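There are 4 protein chains.
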Amino acid sequence: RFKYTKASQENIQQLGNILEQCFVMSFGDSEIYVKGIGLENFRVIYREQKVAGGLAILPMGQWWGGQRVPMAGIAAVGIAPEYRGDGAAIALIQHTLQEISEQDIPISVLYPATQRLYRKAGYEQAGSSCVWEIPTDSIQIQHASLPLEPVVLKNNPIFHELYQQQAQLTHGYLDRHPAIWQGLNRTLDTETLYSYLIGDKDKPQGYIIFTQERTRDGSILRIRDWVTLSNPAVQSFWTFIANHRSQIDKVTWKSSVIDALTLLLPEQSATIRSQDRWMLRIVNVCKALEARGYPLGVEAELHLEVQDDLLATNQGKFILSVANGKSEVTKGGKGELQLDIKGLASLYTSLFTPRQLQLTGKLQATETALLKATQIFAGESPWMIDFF
Amino acid sequence: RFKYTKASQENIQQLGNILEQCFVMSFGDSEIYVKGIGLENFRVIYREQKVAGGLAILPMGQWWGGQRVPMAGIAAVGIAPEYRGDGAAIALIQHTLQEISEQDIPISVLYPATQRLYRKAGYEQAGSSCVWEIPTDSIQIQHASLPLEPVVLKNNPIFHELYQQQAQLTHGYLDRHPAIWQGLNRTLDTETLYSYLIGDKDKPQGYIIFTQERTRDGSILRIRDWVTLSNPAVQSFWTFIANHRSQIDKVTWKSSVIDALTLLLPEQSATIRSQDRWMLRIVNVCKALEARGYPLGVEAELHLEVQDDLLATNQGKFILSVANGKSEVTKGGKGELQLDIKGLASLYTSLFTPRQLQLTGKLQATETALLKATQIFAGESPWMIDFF
Amino acid sequence: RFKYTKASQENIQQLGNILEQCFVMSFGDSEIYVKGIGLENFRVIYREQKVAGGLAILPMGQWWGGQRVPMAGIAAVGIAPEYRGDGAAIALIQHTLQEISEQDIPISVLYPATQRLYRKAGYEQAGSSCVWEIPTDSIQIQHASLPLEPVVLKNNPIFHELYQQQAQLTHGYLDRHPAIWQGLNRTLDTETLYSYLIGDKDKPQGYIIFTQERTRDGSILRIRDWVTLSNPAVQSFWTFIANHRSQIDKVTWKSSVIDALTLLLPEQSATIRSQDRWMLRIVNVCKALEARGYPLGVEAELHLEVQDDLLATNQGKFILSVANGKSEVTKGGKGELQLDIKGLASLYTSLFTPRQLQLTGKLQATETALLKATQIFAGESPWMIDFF
Amino acid sequence: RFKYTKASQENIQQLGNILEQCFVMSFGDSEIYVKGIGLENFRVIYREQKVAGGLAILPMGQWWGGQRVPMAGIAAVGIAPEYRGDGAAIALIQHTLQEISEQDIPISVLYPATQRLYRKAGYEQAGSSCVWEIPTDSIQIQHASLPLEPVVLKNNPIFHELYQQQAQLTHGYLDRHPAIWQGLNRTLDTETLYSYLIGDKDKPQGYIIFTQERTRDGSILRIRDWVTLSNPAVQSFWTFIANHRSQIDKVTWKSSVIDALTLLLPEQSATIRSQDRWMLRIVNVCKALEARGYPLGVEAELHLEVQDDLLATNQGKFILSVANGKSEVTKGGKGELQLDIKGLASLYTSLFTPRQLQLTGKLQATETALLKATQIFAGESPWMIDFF
Ligand SMILES: CC(C)(COP(=O)(O)OP(=O)(O)OC[C@H]1O[C@@H](n2cnc3c(N)ncnc32)[C@H](O)[C@@H]1OP(=O)(O)O)[C@H](O)C(=O)NCCC(=O)NCCS
Ligand SMILES: CC(C)(COP(=O)(O)OP(=O)(O)OC[C@H]1O[C@@H](n2cnc3c(N)ncnc32)[C@H](O)[C@@H]1OP(=O)(O)O)[C@H](O)C(=O)NCCC(=O)NCCS
Ligand SMILES: CC(C)(COP(=O)(O)OP(=O)(O)OC[C@H]1O[C@@H](n2cnc3c(N)ncnc32)[C@H](O)[C@@H]1OP(=O)(O)O)[C@H](O)C(=O)NCCC(=O)NCCS
Ligand SMILES: CC(C)(COP(=O)(O)OP(=O)(O)OC[C@H]1O[C@@H](n2cnc3c(N)ncnc32)[C@H](O)[C@@H]1OP(=O)(O)O)[C@H](O)C(=O)NCCC(=O)NCCS
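For the record, the sequence lines run as chains A, B, C and D. full-length UniProt numbering puts the first residue of the first sequence at 8, with every later residue one more than the last. full-length UniProt numbering puts the first residue of the second sequence at 8, with every later residue one more than the last. full-length UniProt numbering puts the first residue of the third sequence at 8, with every later residue one more than the last. full-length UniProt numbering puts the first residue of the fourth sequence at 8, with every later residue one more than the last.
On the chain C side, residues computed to face chain D include the following (Cβ under 8 Å): (1) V241; (2) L270; (3) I279; (4) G304; (5) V305.
With a straight-line Cα cutoff of 27 Å, these simulated DSS-like cross-link-like pairs (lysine-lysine) come out: (6) D:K210 with A:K57; (7) D:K208 with A:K10; (8) C:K57 with B:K210; (9) B:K257 with D:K257; (10) D:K208 with A:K57; (11) A:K57 with D:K161; (12) C:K10 with B:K208; (13) B:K161 with C:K57.
Derived by calculation from the structure, the hints in this document are not laboratory data. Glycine included, C-beta positions come from ideal geometry on N, C-alpha and C.
Assemble the whole structure, with the sequences as input and the hints as a guide.
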């Protein structure tokens, strides 16, 4: 009934049209998008002989406990409205997951338009994204430790190199697919993209990428990506932004829900404009657990019992043995901590603690196993700066 | 110039008037407030022979790492406007801190109207409070595992007993002063206070305390306190609330910034309406560190170097030795991790990780000390449900 | 499990409390309400030995095709939230309907907070209520044909006598229960009730009852009831209202969705602020049809087939024979027009035409039966000015 | 002083400029508009030797009582602002009416920017247009009886054929001028036009034409035209729309003021966003009355007395004799029902009933004549889906 295939020249325009409709994109903005991602990354689902919908798979990485875990990002999931309510989206997602599994990519992440669909395939809330906003005139920091310099973003390796340093240090950050960088460098003809490095010459310590616009409400500077590796970069960031106060009414940036940059402001003038939880699917239990970093000082063996109604190789008992910041996973054990593959996603990312997952019914464990799992999976609240 | 004293019958009305003005309270609502807290808890500052302002000290406790640490809550800080800009508030706060110190209360917490003032006395951001909101018709949970029963709140020990169980389990929760409970039981003549226990008869598993009102925007049910000790209590909570959908447009509750209750909703329909960071002052470094709980499995000695420009006994080098969930603090060591008493507040509560505090310049450490501190102070993001 | 009873002194306070909670009434406003309606009119449902909820039944009349049909208004339906989601409301409604049936009252009407519940018991959309608003300075009518005179409303028979004239002429209008009049005469201590007769002395042609208030948005005059029996009363109404333009920014009134009063304005300055459809239950098919007025000039026999899963006496085939503005209903016939008791409600009131009910699947008929039903049930769009 | 002429190449640009100014059209959008309608349909008024303004006449039809009555739509009436307040618009309208009369077109319709002007020429409120809106997630219908299929609109006869079926059945619907269809097929470069047929293959039962966009408020799907000939088409319509809930926040459509589609929703979640009354001019009393359909079962002779201060042939006494769904109009009689040509417009369309027109002073009649007129002109509330 539903046939899953790679996109081809024969069907990429139809899919692009379906994507424009699904996401309410202005006429033809789908070409730029599809082109930025690459046709090779798009997948199509057919219903009978007609193109019903599709998505993009972004093979990349994600930083967990400071180790890069291969990760397949799912983007632009759309089913043409005439085919909706018929199981086409879940069929698509299941096929896609099977493909990711065959590629030995152990985890997959996406921003859901609707959670029910993705939970049917084993995705679960697993990390945060948060848009903060603040009035420019409330910043009141003039501590310009480091200079700022406008630089060109496109293919500039300095940005990749600073990014990958903050990424490796931030639990949940992407090892970005080229498309993510593409999106960041993309603006309306309307608008100018501004990019600055923070630091003395040839000693960059961070960067800021932003756009500015005038709206009905007033003027806004939207920071789409930033990096601050040190406190002098943080002071310099805020100073630079505070210095836009005569030209800009409000500034927004993406951070963690418990944002640390606001620690340096004189008052709590910043607010959360919006937030989202992205979801994660544990595609391969063994490989996902073995690829992740673990805290040093932890030596524990956790005996897990996992349910996975889609990918049979993940259904069963596994012993996770952690020592020296690394794990080894073997089959078997006593299954002292039981959960569905969904519970494991939230546990894995440290979004919620074992105790919190127990309380919300996503896992059952003995107190000893609860303690071992708390020690193993403890970490900074997961987030990413990127949307896809 | 400024004289600090306990409030007395001779000056409590003047202070009450100053408090009404400061906090924009309706005429005479200060009497109820002062009465709920008790005159013995109010302090006054004089400028020459005139009452310049004052505050309330709430001696109580706070749960950190599952241990109750004695804590002095600071409430209703007000200086009559004619005495402002003259150092009266900082004088007041310093005197107050000195008194708390003389009582051997090791920490103090408050919600600041302005941060600059309290940071001058060594308070720092240290925990969160967050008001969530959600449309009632988006909850869509009907999983009534446990019944709900309306009960009377006032002096009902069932509430204290369920509260102290969630409190002990929640990093940052208050061991409430009687005034906190008073405030919760207090409503406008306008309004009715609703209180329900969640659970089978004589086996309570949680509770909900709320008010309802109709506004210009529509109807709202404001949850002021809740407890959920188990997943059946959580499902029952949401079911009960979902069942108000024909009568109530929006529901609000207070939780953590990374709220776990929303994990059980079908969609991300809940938003953060507002948030606040409360502040903490480490009044006694040794006693504060020795009173706190620590994670099990950690065995480490952290050599601290603390600056405190107000309370000289906290200025110096301390060795924090942690093992078996407990600490012992001795004087001396190599001061491998240096910080001001403000940095120590944020470190102590686990609001920010050592790495995050390093990056924002609140501490300097060797990588080994950073690791030891990360292991020692790791914990669930601190929050409280209460405002004062 | 659920026991249905008349309210008594033993349970009316508990019910009143439940009603305050359900409808978000200010503390104690339920006493005035319960008192205005009368305890004899309240009904209670018990779950085990506890009061679970209740409602009020308002025995009165409704004008259909110019004949008064006995009608039981259902008001204040509430189930305490702890008993919701357990079938208590539908049990209550079914018991209530059975009681109405035993009293030989053929129809029942209510304003639903949620339609699904009442449709389970055979109520259906059947009439309209609409709140119109207009800027006072856009009326621009100064055609004071008739004078206005302030008069006292309470127990003033002039109002009843003008009301019953417009009522008899308006398809859907209430023959009001005393409680409706009570509600109209009821205001906040805050506010003054204004009542004027329109007409020369001792020759009243209409009236206006209103309140005024100042809000955040500005000033508003809210017309809660009005009567205009002639065009001079209509011109006089608008002139009077236009004359409030220096004191009042906006005026609201309740009318039909296709309001005729706006026909006399110079421009389409009036808008619909809100609308509601009330619902009707055909309690007795024969008696409801025989009590209604029919258009003159119609001579037709309509052979109906009705389903009623609650009240078996309404389930079956009926011949409706109409002539000389009157009907006679007998059992049997060929059931050329089939519908559920819900379809019959909408058909009966003329909210939707047979063709419209066919198209939305509420009835199936032959073209001849469709024509006969169109001729029989044609009429002015049903509405009432009252809410209950 | 004012000379009336057909537009020509010599003056269509000036008029187009005047039209851009009058209607606040973006620079040059008047060319597309003028082109879509055709220069032959535009008329110009001159003041001395200068072009003062103009309009478009749309010769088409309108469905009344299921018969197509020739109708001249008046569009784009504009007088350059320097010529306003001098009688140029009324001169234009009078000339235009005289032309329509000379073409034997018996009725004319328009959407007024200001009523006073058109009433001076005998137009009166006569039908409704209403824009409804609803949150997509409140629809909650998944009853996909019939499939939907995207099809091309432009010159597709399937659309004309389904349209003319709903048109013939809907009292007030247009028999559309080509320009109406043109406008429907016209969108911004910004936007994509979506068109779907509802029904099994080769058995179409309805259709939907819409656009989608993202605004400041959120996302919206605007339905500009739809057809539903049967209940399966109605269920399919709502199902399709409900299936946009993850992508679209709000849906709007045009319907009647007493919309029947909302009868099928679970709750009254839809609201009226805006409404308008269009106006009608009875250009030829005899021909207008003879062209209209009448209800079957009515046999009556109504003796009218009409005033028309513009078109003398309509001023006088007429006998309308109705039988077998048809009329014959002869001159004379006793003028038992008197009205101005404006009253006759509202009577003719069934917007207001005779009783309602009597009450608002638009007609005087004996009770027998009131009854005969009620029987003759009864019908579904008039509306159209189109604006022009
Ligand atoms: C949602 C969309 C994918 C339609 O998919 P579909 O083919 O109707 O979904 P399926 O029929 O496979 O449904 C499978 C499950 O998903 C759920 N689902 C589908 N659409 C949903 C929605 N809008 N809201 C909630 N759940 C939804 C179903 O309830 C079903 O679960 P069930 O078995 O418990 O009923 C569609 O393209 C859309 O409206 N917008 C594009 C935006 C988007 O979906 N983005 C995702 C992030 S890229
Ligand atoms: C703020 C209030 C206490 C006035 O205090 P004050 O006597 O003027 O304060 P002081 O003169 O002691 O000032 C000491 C420090 O506090 C700071 N401060 C005082 N009021 C401040 C304000 N509104 N915003 C920011 N900083 C403020 C000063 O800048 C100063 O720091 P500096 O030495 O760097 O200049 C006053 O009562 C008020 O406006 N409202 C009551 C609300 C409130 O303060 N609540 C606190 C929570 S209970
Ligand atoms: C709705 C209220 C009556 C609770 O009733 P309840 O006992 O939970 O209802 P029941 O368990 O008998 O449910 C029977 C049906 O009603 C429906 N229902 C109940 N509450 C509903 C709601 N808020 N929205 C939609 N449907 C509802 C159920 O879906 C059920 O149909 P189903 O069998 O298809 O599932 C409650 O008092 C309330 O929230 N507010 C008072 C306002 C009010 O209801 N007013 C009505 C006008 S006076
Ligand atoms: C209104 C417009 C046509 C100007 O016309 P004009 O030449 O000033 O009108 P006239 O001088 O012929 O006036 C004749 C009558 O119309 C009335 N009239 C004209 N403009 C009016 C307005 N804006 N509001 C109310 N009445 C108006 C006059 O009061 C007059 O009646 P009176 O004899 O009782 O005083 C002008 O083009 C405009 O502002 N906008 C274009 C929008 C539009 O009119 N659309 C109609 C639908 S296409």
